[PDB]
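These are the residues of each chain, in order.
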Amino acid sequence: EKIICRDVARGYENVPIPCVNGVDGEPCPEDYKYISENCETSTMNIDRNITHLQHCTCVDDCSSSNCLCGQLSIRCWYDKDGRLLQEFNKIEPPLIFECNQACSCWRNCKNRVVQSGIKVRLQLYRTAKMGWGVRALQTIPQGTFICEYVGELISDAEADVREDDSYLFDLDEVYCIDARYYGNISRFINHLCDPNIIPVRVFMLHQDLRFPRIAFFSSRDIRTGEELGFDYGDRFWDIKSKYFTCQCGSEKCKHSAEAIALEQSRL
Amino acid sequence: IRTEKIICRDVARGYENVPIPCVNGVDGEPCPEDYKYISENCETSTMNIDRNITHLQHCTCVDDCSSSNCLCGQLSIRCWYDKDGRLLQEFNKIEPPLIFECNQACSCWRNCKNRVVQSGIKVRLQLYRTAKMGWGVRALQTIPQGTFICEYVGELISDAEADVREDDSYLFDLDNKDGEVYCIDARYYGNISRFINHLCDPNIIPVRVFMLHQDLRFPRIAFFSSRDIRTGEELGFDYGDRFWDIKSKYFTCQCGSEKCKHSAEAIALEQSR
Amino acid sequence: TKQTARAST
Amino acid sequence: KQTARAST
Ligand SMILES: C[S@@+](CC[C@H](N)C(=O)[O-])C[C@H]1O[C@@H](n2cnc3c(N)ncnc32)[C@H](O)[C@@H]1O
Ligand SMILES: C[S@@+](CC[C@H](N)C(=O)[O-])C[C@H]1O[C@@H](n2cnc3c(N)ncnc32)[C@H](O)[C@@H]1O
Ligand SMILES: [Zn+2]
Ligand SMILES: [Zn+2]
Ligand SMILES: [Zn+2]
Ligand SMILES: [Zn+2]
Ligand SMILES: [Zn+2]
Ligand SMILES: [Zn+2]
Ligand SMILES: [Zn+2]
Ligand SMILES: [Zn+2]
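Protein chains in written order, with the authors' numbering: chain B, 919 to 1090, 1095 to 1189; chain A, 916 to 1188; chain G, 3 to 11; chain F, 4 to 11.
For the record, the hints were derived by calculation from the structure and aren't laboratory data.
Don't take each hint at face value.
Below, a list of computed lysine-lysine pairs in the DSSO-like style, where the Cα atoms sit at most 27 Å apart [stated by the list, open to error]:
1) A:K1176 to A:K1164
2) A:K1164 to F:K4
3) G:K4 to B:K1176
4) F:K4 to A:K1176
Part of the chain B face toward chain A, derived, beta carbon under 10 Å [as the list claims (entries may be wrong)]:
5) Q1019
6) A1020
7) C1027
Over 10 Å on every C-beta distance to chain G, these chain B residues come out as not near it, computed from the model [said to hold, decoys possible]:
8) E919
9) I922
10) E931
11) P936
12) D949
13) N963
14) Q1004
15) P1011
16) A1077
17) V1079
Where is the CB? At the ideal position from N, CA and C, for every residue including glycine.
Could you build all of it, start to finish, from the sequences and the hints given here?
Structure below.
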């Protein structure tokens, strides 16, 4: 219904991400800082040494199997339009190494999808039972990059003491992204037991293995208006289900009060 | 008569907002390839730049950052950009102030008025073979005074490392004081600015700028036009006497200006006394 | 297992 | 210094 923010990203993304609410009186959420790239709030010393980048020597568009960067994930998984190959492993995704500033190739080579940012039209909107969510304003073919999970990089130890644990994402001495205070559009993506996106670890401008960047891609074709969602995983629900249970929705739901109660009856 | 040949459609390989072609109508020298083109500064050892987001001074504006209440403007007494992204006529071109552009901690939008350098190259430039000064950069369009041209981008290094670099033709000091000071070396890694020649009558000036961080050790060097620049004009800055006192033993200035201070003739004249 | 909830692959 | 550097 009513458009209450023309762009929650304040021009930082390639495209605007509007906010609407046709459900209740909750105003546009502003209790966080929108950022389009990950931030630091303590000394992390991400390894940005250009000489530590593995890089290719391609003089074409990096579409051949000889591209070193592709070979670092056995092959490049992007088709000619920037979408994940049908055969991509959606259960145990590989780590993707995109081309970078040490590579001989051009900025528009075929192995630069995530670093090129958001292209699909998305919307922050009020759901019926799960607060704010994100939905698609267009059809989205399977394998399409949607957005990155961006926030504040923190240590595992800091993550263990964070008072609000509703926006934490484990990268993998493990580090985490907390999108509570600083985050992007991904902070509003809800959990679905029937998910339509999946997270993939990606390297771009650096290859510091502590700090993969988290890219969401569509795991199937997505219809206009559909809510986006991923499976947050059991390392979220084992802790959170004491406080609330899952409000999808789905006949496949594994985390509803009913599901949990049923399994509990385990004699 | 030699023709002018296009020998690279874009030396930046798509990394800049615009292509930067290379031509040669003078000799048989092919496109320069003995360096890595990068659009942003790189590191080759740990610099520990302060990137903590909570250390950023930042503004509370919800307008376009054109009011005198923009904290980021105030950090340079005032924002020096006009509505079209050009330095004000009154900008101090002798002793430029440090510019603090808006950043990710600011409440304003990405297209506020205090984001010129971080938005990149907009003018059309060309890498070309000069008659006497190897490769240089010239304008393919008219450029009004105060216009952002490009950044001096390269490899960040310490003062100490700079002192032992064998090739000293592409070094730029970030700070003129002594102590813990740093330099950009564009010899191995650089952008288009690495090809900008010295001119005793310069048409661009370097200005220290802060964008995504505010670590005072690591200002970014932005070139702005110091006057209106005509189509086809070679771009040039005054490299300064901390370059020429050393380099003039090895070669002298060919800028050809009646104001030249570093030609063989100029040096010879001063020597005489 | 940790004290706080985290989404993960 | 030992090496030449451009500077403001
Ligand atoms: C990462 S946030 C997502 C955005 C959140 N809906 C909001 O309005 O800001 C995670 C929080 O969303 C809510 N949530 C997400 N998925 C849910 C689900 N499937 N069932 C119930 N609540 C959910 C929970 O409050 C959870 O702790
Ligand atoms: C930063 S580079 C400029 C690009 C260089 N012309 C090239 O072909 O790579 C600096 C070097 O260019 C030459 N140069 C620049 N300005 C000059 C001038 N005014 N007169 C003579 N040589 C100059 C000198 O060799 C100087 O060390
Ligand atoms: Zn390649
Ligand atoms: Zn490539
Ligand atoms: Zn590559
Ligand atoms: Zn569910
Ligand atoms: Zn402002
Ligand atoms: Zn601003
Ligand atoms: Zn600001
Ligand atoms: Zn001269």
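Item to check | Least C-beta distance from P936 of chain B to chain G larger than 10 Å | outcome: 25 Å, holds
Checklist entry - Against chain A, is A1020 of chain B within 10 Å by beta-carbon distance? => result 7 Å, holds
Next on the checklist: Against the 27 Å threshold, does the CA-CA distance of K1176 of chain A and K1164 of chain A hold or violate the hint?
Outcome noted: The hint holds at about 14 Å.
Checklist entry - Can we trust that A1077 of chain B is non-interface, i.e. its beta-carbon lies farther than 10 Å from all of chain G? => result With a cut-off of 10 Å, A1077 of chain B comes too close to chain G, as the shortest Cβ separation is near 6 Å.
Checklist entry - Just checking, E919 of chain B versus chain G, shortest CB gap more than 10 Å? => result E919 of chain B clear of chain G: closest Cβ-Cβ about 29 Å, beyond 10 Å.
Checklist entry - Are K4 of chain G and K1176 of chain B close enough, with their CA atoms no more than 27 Å apart? => result The given pair, whose Cα atoms are some 21 Å apart, holds under the 27 Å limit.
Item to check | chain G versus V1079 of chain B - minimum CB to CB distance exceeding 10 Å, so not interface | outcome: 7 Å, violated
Checklist entry - Should the interface hint for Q1019 of chain B be scored as holding, given a Cβ-Cβ cut-off of 10 Å against chain A? => result 6 Å, holds
Checklist entry - Are the Cα positions of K4 of chain F and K1176 of chain A separated by 27 Å at most? => result 21 Å, holds
Checklist entry - Does the claim that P1011 of chain B lies off the interface hold, with its Cβ farther than 10 Å from every Cβ of chain G? => result At roughly 7 Å from the nearest Cβ of chain G, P1011 of chain B sits no farther out than 10 Å, so the non-interface label is violated.
Next on the checklist: Beyond 10 Å on every Cβ pair: is that true for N963 of chain B relative to chain G?
Outcome noted: Given that every Cβ of chain G is farther than 10 Å from that of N963 of chain B, nearest at about 23 Å, it holds.
Next on the checklist: Does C1027 of chain B hold up as a contact with chain A if the rule is Cβ-Cβ below 10 Å?
Outcome noted: 9 Å, holds
Going down the numbered hints, you'll see the structure goes against 15, 16, 17, while the others check out.
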